[PDB]
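Here's a solo chain for you in structure tokens, the form deposited with the ligand bound.
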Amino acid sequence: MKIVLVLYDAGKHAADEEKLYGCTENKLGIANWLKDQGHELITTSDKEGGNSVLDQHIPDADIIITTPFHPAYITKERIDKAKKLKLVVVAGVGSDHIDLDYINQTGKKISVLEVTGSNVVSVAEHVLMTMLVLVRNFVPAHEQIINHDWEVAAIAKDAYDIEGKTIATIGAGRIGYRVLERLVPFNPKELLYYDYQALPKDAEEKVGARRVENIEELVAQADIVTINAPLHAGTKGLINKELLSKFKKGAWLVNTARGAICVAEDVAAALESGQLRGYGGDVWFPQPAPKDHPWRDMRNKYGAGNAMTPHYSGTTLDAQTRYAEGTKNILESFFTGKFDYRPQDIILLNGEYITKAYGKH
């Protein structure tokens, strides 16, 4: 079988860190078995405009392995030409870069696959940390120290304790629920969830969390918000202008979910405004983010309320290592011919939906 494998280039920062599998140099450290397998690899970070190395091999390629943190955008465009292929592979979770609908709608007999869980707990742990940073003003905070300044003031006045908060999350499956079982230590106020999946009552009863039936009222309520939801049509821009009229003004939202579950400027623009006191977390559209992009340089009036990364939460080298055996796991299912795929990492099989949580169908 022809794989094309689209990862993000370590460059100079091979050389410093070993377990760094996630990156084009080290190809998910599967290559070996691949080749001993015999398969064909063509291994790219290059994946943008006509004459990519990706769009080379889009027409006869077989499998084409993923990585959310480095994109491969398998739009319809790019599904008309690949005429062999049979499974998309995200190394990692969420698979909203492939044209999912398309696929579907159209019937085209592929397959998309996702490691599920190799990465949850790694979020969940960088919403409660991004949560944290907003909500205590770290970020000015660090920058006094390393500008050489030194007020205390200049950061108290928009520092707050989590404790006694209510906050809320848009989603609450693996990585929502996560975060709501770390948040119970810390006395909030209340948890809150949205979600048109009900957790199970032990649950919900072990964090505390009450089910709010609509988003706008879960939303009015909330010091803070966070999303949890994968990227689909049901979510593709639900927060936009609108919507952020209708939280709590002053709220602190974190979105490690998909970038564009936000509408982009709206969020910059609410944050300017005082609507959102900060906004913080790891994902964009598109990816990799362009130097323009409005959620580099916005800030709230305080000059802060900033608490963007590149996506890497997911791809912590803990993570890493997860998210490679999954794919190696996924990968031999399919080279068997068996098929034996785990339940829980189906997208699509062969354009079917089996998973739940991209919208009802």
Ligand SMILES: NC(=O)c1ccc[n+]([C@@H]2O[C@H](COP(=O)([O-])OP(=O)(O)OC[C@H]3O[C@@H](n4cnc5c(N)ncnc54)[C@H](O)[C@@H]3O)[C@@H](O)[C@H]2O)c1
Given for the second form:
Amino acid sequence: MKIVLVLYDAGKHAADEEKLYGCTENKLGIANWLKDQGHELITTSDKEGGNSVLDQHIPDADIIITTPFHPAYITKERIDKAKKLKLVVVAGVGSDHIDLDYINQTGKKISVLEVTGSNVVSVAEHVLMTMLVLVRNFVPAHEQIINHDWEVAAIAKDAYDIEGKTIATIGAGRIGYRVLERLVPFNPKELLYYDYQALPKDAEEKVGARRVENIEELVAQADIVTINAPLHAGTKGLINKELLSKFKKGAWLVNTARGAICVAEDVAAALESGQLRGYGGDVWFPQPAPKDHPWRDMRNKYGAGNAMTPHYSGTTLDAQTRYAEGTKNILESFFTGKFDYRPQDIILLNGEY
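Please show me the structure of the same protein in the form solved without the ligand, now that we have looked at it in the form deposited with the ligand bound.
Partners and other molecules have been left off, which leaves just the chain.
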């Protein structure tokens, strides 16, 4: 079969690190396994334009493998042209870039899978890191050192402990719950969550979480808010100026979910005004972030309160190993005709939800 694998070019960086599997140079570590199994692997980063390498191969591709860190858009037109397509895989977690609705509507027997669970610890760690970095005012502290300065009062005046803070998550799924688990031994005043379903009772008790039934009530009492919810009609543009006005004054906000859950200029205004003390996370809208994106240069009144990174939390080297292995497992379930997929990995099974 023909497998088209779309990843970013890591350039020099691929040679620096063999465990950087998720790039065109290193091919998820599955290049030899695929050839041994008697298949043809096309690997490319060239995914935009009617003459892109991706589109050259779409018409007789049996399998397309994608990643949210360099996403091949599996569009209506591409689905039309992909005459042999049987399987789309996300080597990672996130299918925003795939027109699942259309695949389903067509009636074609196309399965779509992702490596569920492979991102979750990595993102949850990124949230804990970002909370600590914002709350303890690390960024301006490290900046002093490398700028050959030393003025402890300039840092201490906006540095706190996470202990004794009220921490709320919007969404308590796989990532949000693991964020709560990691917060327990930091002795927060309380952990709170808002979600469309309850945590099972024993899960709730394990982290001492209290469910709050609406979002305004949730954010109004929270020192720290973290977003761990899917992007849909209920969350798109959820963090806007109106809702930000109901946050505790001087709150810290972390978003590793999706950029579009926030209105970008409204978050920036809230940080500059002092409504927020800090904002951070690794997700942006649009993404990759343009140079002029307001979250790059936004700061609080002290010139800090920014802990933004590019979108990379889910592409640590440990996550990438899980993606590579999980991709191999999915491909094996497919090639053997067993279709013994992990149920949690399935997005569509031969076109069906």
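Note that the rigid core is defined as the largest set of C-alphas that superpose within 1.5 Å between two forms. Positions refer to the first chain, counted from 1.
> Upon rigid core superposition, which of the listed residues (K76, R210, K157, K246) is displaced by 2 angstroms or more at its Cα between the two forms?
The answer here is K76.
> If the two forms are fitted on the core, does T66 show a Cα displacement reaching 2 angstroms between the two forms?
Yes: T66 shifts by at least 2 Å between the two forms.
> C-alpha of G107: shift of 2 angstroms or more between the two forms, rigid core aligned?
Yes, the C-alpha moves 2 Å or more.
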